[PDB]
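J.: The residues making up each chain are set out below.
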Amino acid sequence: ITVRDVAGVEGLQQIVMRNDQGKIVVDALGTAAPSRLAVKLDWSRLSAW
Amino acid sequence: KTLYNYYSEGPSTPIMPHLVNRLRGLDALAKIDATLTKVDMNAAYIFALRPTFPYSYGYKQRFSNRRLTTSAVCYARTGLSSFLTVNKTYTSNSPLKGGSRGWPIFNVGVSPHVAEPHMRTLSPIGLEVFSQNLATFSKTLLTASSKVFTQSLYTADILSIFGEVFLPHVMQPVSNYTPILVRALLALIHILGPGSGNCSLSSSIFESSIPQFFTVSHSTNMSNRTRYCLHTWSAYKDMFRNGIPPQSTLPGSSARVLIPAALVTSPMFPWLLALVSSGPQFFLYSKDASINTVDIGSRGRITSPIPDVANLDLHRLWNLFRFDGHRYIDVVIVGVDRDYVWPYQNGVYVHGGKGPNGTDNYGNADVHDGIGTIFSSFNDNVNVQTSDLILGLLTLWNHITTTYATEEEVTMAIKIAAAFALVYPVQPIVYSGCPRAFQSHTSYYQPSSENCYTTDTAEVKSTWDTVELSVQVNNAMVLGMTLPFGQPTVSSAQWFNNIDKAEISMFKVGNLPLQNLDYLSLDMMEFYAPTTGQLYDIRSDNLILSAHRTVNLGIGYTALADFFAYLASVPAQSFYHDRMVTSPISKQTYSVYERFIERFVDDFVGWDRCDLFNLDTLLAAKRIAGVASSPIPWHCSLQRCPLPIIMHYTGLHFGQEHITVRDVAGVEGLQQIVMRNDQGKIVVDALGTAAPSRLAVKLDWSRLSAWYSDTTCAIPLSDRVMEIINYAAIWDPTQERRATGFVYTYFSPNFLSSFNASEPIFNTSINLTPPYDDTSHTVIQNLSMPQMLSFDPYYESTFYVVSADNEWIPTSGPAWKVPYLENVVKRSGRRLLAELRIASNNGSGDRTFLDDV
Amino acid sequence: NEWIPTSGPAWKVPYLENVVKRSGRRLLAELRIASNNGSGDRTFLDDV
Amino acid sequence: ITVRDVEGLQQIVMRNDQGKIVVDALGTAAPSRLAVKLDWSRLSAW
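As you go down the protein sequences, you meet chains B, B', A and A' in turn. A prime marks a further copy of an entry chain. If you want the deposited numbering, it's the 1-based position in the first sequence plus 734. Under the deposited numbering, the letters of the second sequence match residues 71 to 321, 328 to 929, in that order. If you want the deposited numbering, it's the 1-based position in the third sequence plus 881. Under the deposited numbering, the letters of the fourth sequence match residues 735 to 739, 743 to 783, in that order.
In isolation and in its complexed conformation, chain B is listed as follows:
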């Protein structure tokens, strides 16, 4: 379990959903869920998951 007072942008992604006329409606911060390949090469990633 992480505490991690955040300073930088490392490890984060921006999620955007634009509507018909081009207006941005979501634009949220997100983190990428690990893939099964990454878990295969690193079994701790599941635990952090």
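No lab work stands behind these hints, which were simulated from the structure alone. Warning: the hint list may mix true and false statements.
These stretches of chain B' come out as covered by chain B in the derived footprint (C-beta under 8 Å, 3 or more residues) [what the hints assert, rightly or not]: (1) 894-904; (2) 909-916.
Cβ-Cβ distance ranges computed for the label pairs, FRET-style [stated by the list, open to error]: (3) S778/B to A766/B': 30 to 38 Å; (4) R770/A' to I749/B': 15 to 23 Å; (5) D754/B to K158/B': 39 to 47 Å; (6) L775/A' to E911/A: 54 to 62 Å; (7) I749/A' to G95/B': 30 to 38 Å; (8) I749/A' to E79/B': 34 to 42 Å; (9) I885/A to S82/B': 44 to 52 Å; (10) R770/A' to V750/B': 14 to 22 Å; (11) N918/A to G742/B': 55 to 63 Å; (12) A767/A' to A766/B': 20 to 28 Å; (13) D849/B' to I749/A': 48 to 56 Å.
Even for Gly, the Cβ is constructed at its ideal location relative to N, Cα and C.
Chain B is already provided as a structure; the job is to place chains B', A and A' on it using the hints.
T.: Chains B', A and A' alone, transformed into the frame defined by chain B:
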């Protein structure tokens, strides 16, 4: 360096160089990534004008099984973003919740010092004129060289007309543009509003966000207008004999600006007539204050619009300032025909242009009073979107900085504008009272408070907020507002019962250099070669980045001013309305505060001190009539920024490592305090500890931090009893009754609930109530500077922290709730989102392909 | 009787200087020297 | 008996409930019996 390096270092013995270098380094860290200004204007505004200053805090007690806060995170902000007054149509006399009955006018005059102009290189036309008038002639009446003799020496038959006019400046090509850049920065910052979002005298009213719609307003009595005369170049030439004088005459005509016809249509032109004139020629308000204002409760509830917002006006800081510029300006417009139509206001006829009834070559040079008559975008009742009112300022700043100005001028403008950037309310201060055991040894026994004013009724009001906003209290609180360096005001304005009146005093709060319009005309007529490539700082060409720099510099200025007031032992009551009637000690403290400010300004800003900080407004207090000072000792220093911002800018450390536990065995570090009566009976005989002297703090800066750990208690919310009073008091040998309590500066529970958001946006959906903690429901916080180490500005004497019943030993450490603070590096979610949008996912095309430069 | 002329004048004694740079007003304080004179400027601004 | 005069003086400052200085006077500390013990001219000067 980074914020991690600065948060790990503290002050040193040579303290002025340390503070100045730290402020320069923090200025070097003010980056907002100008690309953001092209994608998110509102986010750029919020990040630029409302800095966050994250910090961590906790409480610590000694013998309690109760679980209190340990590592909570908050975000501290300072300054008034706008002002709330009663509307012009308010007729009744009853007070309104949060609505002042008049706002101060921070009047700025003309600096006698002139900004030093630097060298310029002539354009090919200017070089032609220079090598022309420098050429050797032989007069002889056959040719025209003899026309300087047979005709007046201001002849245009050897040079051109423009060459004759600009001959003195062609001979000495110099220019300087900081006077207009300062006004541009001030205009942007005051229109949008920097700081915390608080927008009234009450600490509970806040601005929902940076406003999106403004309303103009005209006032004959209050506006500082200037006269404009519009001509054409051909018509302006015909006024005089045959050519126009190199030096403008006295009467308007006090200043002259030459504009090519291609530059008049630019959006920068109305903001160019402004920022060199005297302001404010018009007043700006928020369009509908019912949607940009919120009330924040003690626990953090954000309620419906203000209870009496229907009778309130949301003044911008634009209305709170007064600048002295040129009073008469001749707009010339060169390269235009005799049918020219003024493109900014119907019914305005240019002298020598189109006439009223379709006529040609208009013969009258009508004088227009105020920038609102021309430039219909500044008319009386006009609703203006934020973007199209700031676009002109942005274009003006970019053009001037990238064409006519240098880096030194931009930096000087930033530092000068930082002094007039923020407006702060009166400093609220509480007083814990004194322990009962010293009831017979005190002059200030009862706990009290001063300038503590909140208006929210949704939640429970703190016991320390007891200010009733009457007329006299309103005036006294208005005359306590201060600039970053601490300068208050004596001028004011009032628009009530459809009657508008301004009281402007001869004592100004500061001065700004005048802008030479001759340089403007020379640059805009391409007589000087443009200074392109003389801007090595990437933030100096935007304005929003520059405005962020000056806002950060102003917050640094006020933090350092509070720190100097603590260092010079300047009481917080020396800046109230009764600073001159109370006791002469105010001037004695000013006599050292002035030295501190003068050294800082001479070491950092590089401008004349008398323009940025005087004692004139301090020494001209009015005291009002029927407002009585609270019975509080003068033990609290001048402070407008909370502690976390102060230790961010100065480097002070107030962690939990400075709180002692120390089961006491010996007598080391303790003193015995005795008071014997007339017949020789001992009546006090208490244990005490010696408060550190400023010399010891100079040789050891940790002693101050431990001092903060020894006299600081968390302020209770629902009771007027501080647990520090149950254990300790202050023993002052220089006081007739030596026993005294503790003061502290107290902001509000609501102002601290406003610190629970990473960004200053509060409409309804923000959760300012901290969940899973509940400690803030009884104890608020202590963000004050420690007790002043000296109660005499000139002579040093030792006072003591004394015990109340000898059960508690001062050496054993505090027995109350001791707060501890720390500066933390923690970016906001929206800041990270903007960083991702402008750096990680920036496609553009001008950066993918136009990267070879 | 009690004034010794070699001890210095005992009234308001003017002094003058020329000064090139036109500076602003400064509020100064003249005090007694009592070996406990402690002021913030004299303590922290003594570097230069 | 002293006729001429470096800093054994001390400024004594006292304020009242209104914050106004009411003493502001120079003073010299009386010698301690230990000081007289180590130098008996201190008693002569006292």
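J.: Does each hint fit the structure? Answer for all of them.
T.: To see whether the hints hold, each was checked on the structure:
{"no.": "1", "hint": "894-904", "in the structure": "holds (count 4)"}
{"no.": "2", "hint": "909-916", "in the structure": "holds (count 6)"}
{"no.": "3", "hint": "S778/B to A766/B': 30 to 38 Å", "in the structure": "violated (55 Å)"}
{"no.": "4", "hint": "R770/A' to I749/B': 15 to 23 Å", "in the structure": "holds (22 Å)"}
{"no.": "5", "hint": "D754/B to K158/B': 39 to 47 Å", "in the structure": "holds (45 Å)"}
{"no.": "6", "hint": "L775/A' to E911/A: 54 to 62 Å", "in the structure": "violated (38 Å)"}
{"no.": "7", "hint": "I749/A' to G95/B': 30 to 38 Å", "in the structure": "violated (45 Å)"}
{"no.": "8", "hint": "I749/A' to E79/B': 34 to 42 Å", "in the structure": "holds (41 Å)"}
{"no.": "9", "hint": "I885/A to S82/B': 44 to 52 Å", "in the structure": "holds (48 Å)"}
{"no.": "10", "hint": "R770/A' to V750/B': 14 to 22 Å", "in the structure": "holds (18 Å)"}
{"no.": "11", "hint": "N918/A to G742/B': 55 to 63 Å", "in the structure": "violated (34 Å)"}
{"no.": "12", "hint": "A767/A' to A766/B': 20 to 28 Å", "in the structure": "holds (22 Å)"}
{"no.": "13", "hint": "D849/B' to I749/A': 48 to 56 Å", "in the structure": "holds (50 Å)"}
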